[PDB]
Amino acid sequence: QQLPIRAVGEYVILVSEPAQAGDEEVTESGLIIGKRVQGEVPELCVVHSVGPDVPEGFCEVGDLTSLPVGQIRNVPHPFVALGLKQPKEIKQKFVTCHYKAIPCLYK
Amino acid sequence: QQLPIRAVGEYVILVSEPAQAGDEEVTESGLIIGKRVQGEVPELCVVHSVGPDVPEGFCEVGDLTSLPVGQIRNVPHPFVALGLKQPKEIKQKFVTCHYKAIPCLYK
Amino acid sequence: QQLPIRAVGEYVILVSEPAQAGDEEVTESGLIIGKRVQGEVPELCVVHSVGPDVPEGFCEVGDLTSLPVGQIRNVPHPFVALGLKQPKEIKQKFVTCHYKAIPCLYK
Amino acid sequence: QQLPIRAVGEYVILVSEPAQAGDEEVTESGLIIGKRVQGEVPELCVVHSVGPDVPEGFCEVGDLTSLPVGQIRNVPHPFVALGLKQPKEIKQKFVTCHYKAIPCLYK
Amino acid sequence: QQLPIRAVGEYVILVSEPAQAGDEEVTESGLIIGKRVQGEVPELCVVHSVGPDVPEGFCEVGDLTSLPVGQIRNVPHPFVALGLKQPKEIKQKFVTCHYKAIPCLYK
Amino acid sequence: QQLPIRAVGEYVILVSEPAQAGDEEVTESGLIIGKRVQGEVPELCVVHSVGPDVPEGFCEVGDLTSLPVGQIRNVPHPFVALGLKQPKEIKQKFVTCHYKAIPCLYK
Amino acid sequence: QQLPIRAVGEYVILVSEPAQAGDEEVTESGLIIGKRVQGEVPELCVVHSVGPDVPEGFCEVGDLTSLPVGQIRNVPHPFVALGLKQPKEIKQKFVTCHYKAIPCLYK
Ligand SMILES: [K+]
Ligand SMILES: [K+]
Ligand SMILES: [K+]
Ligand SMILES: [K+]
Ligand SMILES: [K+]
Ligand SMILES: [K+]
Ligand SMILES: [K+]
Ligand SMILES: [K+]
Ligand SMILES: [K+]
Ligand SMILES: [K+]
Ligand SMILES: [K+]
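Residue numbers (full-length UniProt numbering), protein chains in the order written: chain Y, 5 to 111; chain X, 5 to 111; chain E, 5 to 111; chain D, 5 to 111; chain W, 5 to 111; chain G, 5 to 111; chain Z, 5 to 111.
Chain Y extracted, bound-state conformation:
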């Protein structure tokens, strides 16, 4: 899992899971969805890196958790950052958030 990307300070870098609840487009088509609603949607992620300032024993790499879309921020894939590839050809999605935004671990 280790690529050239590390979390600093009190941040934590996670990697989004391939499957998320969105495979239930049960909602009527052509509806306008507000930003609050979109921000509440949970995102299943796996801890990839923990900032050196996150309190010791907070979580561990490999741990699975859930964060609302609105609490996390997308981080450019290290290859795109290191100018090797194009965003489109990257499947893995890295996101970040402050450790205090993490409420649980499916551990």
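Be careful, since some hints might not be right.
[Unchecked claim] Per label pair, the in silico range of CB-to-CB distance: (1) E:28 x D:96: 14 to 22 angstroms; (2) G:93 x W:20: 19 to 27 angstroms; (3) E:105 x Z:5: 50 to 58 angstroms; (4) W:89 x G:96: 36 to 44 angstroms; (5) G:29 x W:78: 38 to 46 angstroms.
It should be emphasised that the hints constitute simulated quantities derived from the structure, not laboratory data.
Here a beta-carbon is modelled for each residue, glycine too, at the ideal position from N, C-alpha and C.
Starting from the known structure of chain Y, arrange chains X, E, D, W, G and Z with the ligands on it as the hints suggest.
Leaving out everything else, chains X, E, D, W, G and Z with the ligands in the frame of chain Y:
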């Protein structure tokens, strides 16, 4: 009573109670309910897990409490998270909130 | 006076008084009252339980005080919470608020 | 002057003075006055009780001061609170505010 | 300069200067001036009293400074406060502000 | 360079530079510029005085820096303040800001 | 890689990378882009200078990172600042941000 899901930091994971306020829908039908009102509605829940940073002796697993819908956030059922179940066939509702949002225990 | 409900942390649980100044029904009928105004209305209450984190010697059970409606939050009666009574058949009204919202005691 | 009402925490209970800005009613009748303006009007008050958490030597009972209407909150007269008298037949007006809202003393 | 009015806590009481920026009335008449603009106008004042909680050596009585109208608050003249004169016959204007709002001294 | 004006507390007094990037008025005439945009524009300034509470070794008088217009506040020239000159005959523009608003020095 | 510009306090000065997200001009022409969206766009940068108050071992000069456009602020190029060149003939873009806004390093 426990499942593979634990609270971290200062968070607390509760499990919502079967019966709640919703029963009295004897209100006039077709009225638009604001978000503040909806956020006010209390939710009866039972403590399932207490984050390691919640001050010692704050509460105990099994304790029943009440939180406004607006103070808690829904957490994906560990089963759905661990990819075995579809949220639809899940009855137990897990929610989370910061410990400072808990004002009382029905003990 | 003590029912099976206790305040936790820095919260305080009070019990509203039977009579409130809501006897001044001398307001012109059919007027729309704003939320700020409604939130300003005082509520006479009696301390029923003090959270363990409220500084020692802050107040005592039985003490009468006044809080603006907007500063307190209604708490489900322990009977309703413990699924023994129906809300409608409950007279006592329990409310909660952070101790820092309490400015005085009528003692 | 001292009735059964005491200030707690960092609050201070004052008693409004009989004469206030309410005399200069030279302002054009029929004008709608905003809430900011109304909140700016000073209110002359006398310290009646100082919360035990207000820093020692901050002020003394009997001290006269001035607070903007928007910084203070009306407190029910102890007799109305103690259900001994009615609001209409009460002359003394008690108000409260946090000690940090007090900028001066007319001493 | 010293009348019966003292600053408490971290506040500072100043006395506004006779001539201010306003003299430059060369702008177009009948223009509606916003509140942000008005709040930015500087006010030349002289320190009259320093609260006991303002850090030692912050400033001295007699010191001249400048504060934006929006940062200071008018304080009733002690003669009006002590009920001897109607504000109209008062020329000295006292104002207050927190010490952290003071950026400089003209000395 | 030292005029009779000193910074107090955590403030810093700077003097604006004669030239700023406003020597690029190629912008289409008659356009309405928002406040956010205007507040963004950098201002080149030279440190004239450092408040006694600004941490030691933060910066030095004479140091050149850049601050967004929206982060600084204009300060009346000591000559206008000391009633020695009308504003119009003053070229030097003194400004102030909190030290935490300063991100760099061109030294 | 160092010119005459240094970061002070808790700030960090970075230098933007030549290639950025702007390469995918696939966005339908003539669409108005909101400010939130624009502020979210990541900007790849290289640490050029770390303020003396940024905690030791936070990052190192030369380190590559990613920051949302809305978190960073453009800093005038030292030569424009030192009145040695024109902004138009300057290629290198310097930006600044508080260290707490940095979530990762591509190390
Ligand atoms: K849509
Ligand atoms: K909305
Ligand atoms: K509805
Ligand atoms: K009504
Ligand atoms: K009116
Ligand atoms: K006007
Ligand atoms: K406006
Ligand atoms: K214009
Ligand atoms: K706008
Ligand atoms: K556009
Ligand atoms: K919008």
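Looking only at beta-carbon atoms, does the pair residue 89 of chain W, residue 96 of chain G fall within the given range of 36 to 44 angstroms? holds (42 angstroms)
Between residue 29 of chain G and residue 78 of chain W, is the Cβ distance one that fits in 38 to 46 angstroms? holds (41 angstroms)
Can you let me know if the beta-carbon spacing of residue 105 of chain E and residue 5 of chain Z is within 50 to 58 angstroms? Given a distance of about 55 angstroms, which is inside 50 to 58 angstroms, the answer is holds.
Looking only at beta-carbon atoms, does the pair residue 93 of chain G, residue 20 of chain W fall within the given range of 19 to 27 angstroms? holds (24 angstroms)
Can the suggested window of 14 to 22 angstroms be confirmed for the beta-carbon pair residue 28 of chain E and residue 96 of chain D? holds (18 angstroms)
Going through the hint list in order, the structure satisfies each hint without exception.
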